[PDB]
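Trainee: Please construct the entire structure, taking both the sequences and the accompanying hints into account.
Listed here are the chains, written in short residue letters.
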Amino acid sequence: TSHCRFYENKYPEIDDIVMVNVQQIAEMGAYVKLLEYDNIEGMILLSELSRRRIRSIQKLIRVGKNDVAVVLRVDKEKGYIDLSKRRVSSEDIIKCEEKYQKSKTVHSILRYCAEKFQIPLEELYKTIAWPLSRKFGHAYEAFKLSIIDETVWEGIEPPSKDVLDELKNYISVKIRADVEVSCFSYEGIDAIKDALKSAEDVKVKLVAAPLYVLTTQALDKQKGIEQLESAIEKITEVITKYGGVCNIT
Amino acid sequence: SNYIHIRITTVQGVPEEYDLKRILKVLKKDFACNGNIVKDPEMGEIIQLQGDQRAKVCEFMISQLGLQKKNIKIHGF
Amino acid sequence: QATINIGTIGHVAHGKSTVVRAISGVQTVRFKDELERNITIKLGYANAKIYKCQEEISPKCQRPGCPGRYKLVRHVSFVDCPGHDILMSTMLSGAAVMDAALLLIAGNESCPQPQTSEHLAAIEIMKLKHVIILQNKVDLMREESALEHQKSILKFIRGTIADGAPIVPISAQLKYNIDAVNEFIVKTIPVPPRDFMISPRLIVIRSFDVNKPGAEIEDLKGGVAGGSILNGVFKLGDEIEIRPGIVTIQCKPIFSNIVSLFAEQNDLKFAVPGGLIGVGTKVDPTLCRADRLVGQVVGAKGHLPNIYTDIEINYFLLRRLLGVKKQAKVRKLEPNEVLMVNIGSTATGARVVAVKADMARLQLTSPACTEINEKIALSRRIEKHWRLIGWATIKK
RNA sequence: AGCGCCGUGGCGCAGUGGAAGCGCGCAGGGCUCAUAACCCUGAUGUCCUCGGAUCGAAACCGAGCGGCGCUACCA
Ligand SMILES: Nc1nc2c(ncn2[C@@H]2O[C@H](COP(=O)(O)OP(=O)(O)CP(=O)(O)O)[C@@H](O)[C@H]2O)c(=O)[nH]1
Ligand SMILES: [Mg+2]
Ligand SMILES: [Zn+2]
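Residue numbers (UniProt numbering), protein chains in the order written: chain X, 3 to 174, 182 to 210, 218 to 265; chain B, 23 to 30, 40 to 108; chain S, 98 to 152, 169 to 361, 368 to 444, 449 to 519.
If you're looking for bench data, these hints aren't it; they were derived computationally from the structure.
There's no promise every hint is true.
Derived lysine-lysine pairs resembling PhoX-like cross-links, with alpha carbons at most 25 Å apart [to be verified]:
1. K325/S x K206/X
2. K170/X x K237/X
3. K129/S x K221/X
4. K87/B x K101/B
5. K202/X x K334/S
6. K183/X x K129/S
7. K163/X x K219/X
Mentor: As structure tokens, this is what we get:
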């Protein structure tokens, strides 16, 4: 059951940005479901529909897709959503896209457990969502940190560990650098072999005679850079003494 | 490579050895048609002129740089 | 291995790589994605098999009909050299490398082909006179046309330096009348005197960069180069020096040790001189990456090649220009004109400081080593590219 | 011979992780007296194949497949 809204509460907040799915158009505009917040219908009016003038309507709404928009007013008493498509910043459209994709990934992640163990999806997501979204940011960074070092899932107790084990089972960055050998020495291959033996014991491979390309499978995006510079400085230290010169750009 | 074709009309495939705006300048006057330089991302660069004047487009491509006339296979359409 | 070096020359769009392929059997790579169709830059290589049956491509003979096989007689290398106007320096390098010659002459085209005659003159410059004229096109001629071309070739080549040139019919596609080529190569062309008496030297003509991409760098091979030896045998376990060396304009020698010696199929410890050998040493592969080890004089340790910048040369020019179908008279040299002076294999255009009718002083931008004679060729800049004008010899 | 891209609806992209994706196209219809323009509906497939995780997969990955850029023929 695709339910149990991504964020803290079911009812959208004020002036908040969403991406919406279209289902039907009666005559005025379209009251269409939402896959950014709870599935309560949100209605778009034609006055707030198209940046271009209204002459064709079936091509700009494209019923049955995902469209960026922003909700103006929310009715939390019995459930009405006033939703607006125009006044969205060209830079905040990227924000809406990325946030919608992040929530989609969260939905995809926390469905596998509910379908493998046939327990309520709403209950499991309610248990998981307290350390998930509200800690300091999105869930994906926490999940990546947990797979590299499990610390987020242990914030609160889940219903069991079999479902989390299934999550780990389902889940279970390369940085490039170029080194150009400008050596005019006599024996400079032995230095390369020795330095790469020291550095590799993460992945360094060959392209050309002076060109050595290292594609390190870093896990933190900053550890890779520092290992890269350490390997570069090791290359320089080894090679500037035996007789040759190397350069990295 | 360097293949050139004309499709009802856009010219896909154009050597870069001469500047494009002068090509448009000669094109519009020697055809008397609306001219467009449409640069679609990473397709054959689009030069569009109205009407069915493929013989006149042959004349122009001869008179601009063309000296092969053997890799030009205009689709009728 | 190889005993005597052999080369083939012909005009452009004539056919020599496939001819040698029908002679030897080794494919000419003709690499770099642009040399496949117009011309090549690096030299082509091939290896021939000479087992002669005295009651061929294979050491065992079955084609002649009698089950008798052939015995080991000769194994000769072949250095394909491009006959085009753009490149001449490598042509002269290979020309000083080769000892036997095979010239191509095209029938239906203009019977004097300018590059064929130009490279025949180059052959006659560097003490090459055992040349076999080959009619590279046979099927594409009539019998009367073939007779006319025979008489034209005979009348054209009567009084040149190369007088005794036997004629042979060949093609690139049919692969027939080939044993005649091997027979005439064995007969007309003897191996020049090459034994242990003269001190060993080397001339490297090409650079091979050996660094297998994608494989782990922990085990890579050094720098291998193609070289020819005009004297003495090279054995494994020797210290060698690449004398033209590295630029630090000035150059300084390179020292290294031998790791392997690829000899025509494998790595042999010893190698009688007279054939192209792959010397693989500890040298840096970047020094073997670009056209670097092209025409470099190399010495076994225990000898001291002398590095020179000012060179005194006895030079002589011919009456007319070469390589053109208009032609002009040979003009006597003028001071302050850069003229390319190829010392057997080197590629360095020198400046002329002293001018004489039969003597000269020339300064190379890149200093070069001189040991005994190291025969030279002389090219000027007349027809918008390098044109041969004469021959040169070091005398100091 | 290696690593990085393409992987078709007649076509270029498009998401690749809910299952048929946009425009260009082409056929028909609408509009108008009529045409162009404008407005609608369509038939196009093995997004090349093998598996894995996968309630769910063309997608996420991996072990082979057809072509592209470099190394540069890498004895
Ligand atoms: N029918 C025929 N074609 C030949 C013959 N020789 C060469 N060719 C043609 O030459 C073309 C390429 O031959 P190839 O030997 O590789 O060229 P090349 O000798 O290297 C050119 P250059 O001498 O200037 O270096 C082929 O297309 C072939 O048809 C021949 O004897 N007969
Ligand atoms: Mg070749
Ligand atoms: Zn054929």
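Trainee: Now tell me if each hint is right for this structure.
Mentor: Taking the hints in turn, this is what the structure says about them:
Between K325/S and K206/X, the direct Cα distance comes to roughly 17 Å. Compliance with the 25 Å bound is thereby established for this hinted pair. For the hint linking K170/X to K237/X, the alpha-carbon distance of about 22 Å falls within 25 Å, and the restraint holds. The suggested pairing of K129/S with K221/X holds, with an alpha-carbon distance near 23 Å, which does not exceed 25 Å. Taking the CA atoms of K87/B and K101/B, the gap is about 17 Å. The hint holds against a cut of 25 Å.
A distance of roughly 11 Å separates the Cα atoms of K202/X and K334/S; the hinted pair therefore holds under the 25 Å criterion. A threshold of 25 Å between alpha carbons decides the hint, and for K183/X with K129/S the separation of about 31 Å lies outside it, so the pair is violated. Between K163/X and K219/X the alpha-carbon distance is near 35 Å, which puts this suggested pair outside the 25 Å criterion.
Violated hints, in rising order: 6, 7; the structure is consistent with all others.
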